[PDB]
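In structure tokens, the next block holds one chain alone, the form solved without ligand 2CO.
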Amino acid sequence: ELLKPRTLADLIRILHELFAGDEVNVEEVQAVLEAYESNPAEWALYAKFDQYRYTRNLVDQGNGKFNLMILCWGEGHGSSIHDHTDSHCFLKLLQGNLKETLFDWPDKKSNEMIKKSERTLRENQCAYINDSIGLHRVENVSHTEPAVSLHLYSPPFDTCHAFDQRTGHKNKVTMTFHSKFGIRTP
């Protein structure tokens, strides 16, 4: 029984129920993430920005089943084209808008990675991606509005790949957390 999360803490409690087992009902997780109405006061603690690039702020460790984190995108900040290390990835906008560009997995032959499609993710919307679907880049293209998104990855992962748009070549990147549970972790 999926009920509307009343607050971010309620959403977290519901996610611990949805990930109590060993599999993941993607449509139910996405529906509950979409149903949480972003309340800035509830997540201000985690919305720690950096002037030069987007930040990853860990919110909950999901009893080991998933990492829930808040990403803070300054104006013009964006990600590399990347995969998700065989994990489910949910991305819910909490403030602002983000452009998501989708790319297919490259072939071994060096080639320009051409976008398959693009879309604008708006406040409160929840997107989903996994490696079977493809790769993506996420960008705050706004010149005037910072964006904040809530991401859930299951299983959690600390490393993934960035892809060079010009060649399709990939490199392993280790991600780091800017803060954990509201505490800056330099």
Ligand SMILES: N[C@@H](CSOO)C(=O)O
Second form
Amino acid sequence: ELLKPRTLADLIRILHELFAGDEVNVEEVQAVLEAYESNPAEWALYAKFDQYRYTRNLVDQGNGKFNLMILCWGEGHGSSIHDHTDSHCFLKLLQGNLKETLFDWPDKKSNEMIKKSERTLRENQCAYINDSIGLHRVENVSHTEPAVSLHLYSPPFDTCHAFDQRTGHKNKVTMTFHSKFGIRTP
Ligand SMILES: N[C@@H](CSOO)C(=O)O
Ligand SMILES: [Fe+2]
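Next, report the structure of the form deposited with ligand 2CO bound; the form solved without ligand 2CO has already been given.
First the chain shown before, then all remaining chains and molecules of the complex.
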């Protein structure tokens, strides 16, 4: 039974229930993420920005079933084109807007990766990606508004691949957390 999360803490409690089993009902998880109305006071602890690039700030470890984290995107900050290591990946906007660009898995032949589509993700909207859908890049293209997003990955993963847009070539990358549970972790 899916109820509206009243607060971020409530959302977390609901997620623990939804991930208590061995599978994941994606539509249910997306619906609950979308239903949480971003309240900046509740996540200010985690919203730690860096001048030069976006930051990943761990919020909850899901009793081992998922990682929930907050990403903070300065003006003009964006990601690489990347995959999600055979995991579910949900993204919900807490502040600002992000541009998501979708790409196909490259062929073994060296070629320009062409975008399959783009969309603008707006405050409170929750998107979903997985490797069967394709790859993506996420970017804050704003010149005037920082963005903040809430991401859930299940199972948790700390490595993925970045793809070169000009060739499709992939390189393994290890993601790092800027902070964990509100504490900066250099
Ligand atoms: N995959 C990127 C964020 S775009 O992923 O929804 C990351 O976790 O750093
Ligand atoms: Fe991503």
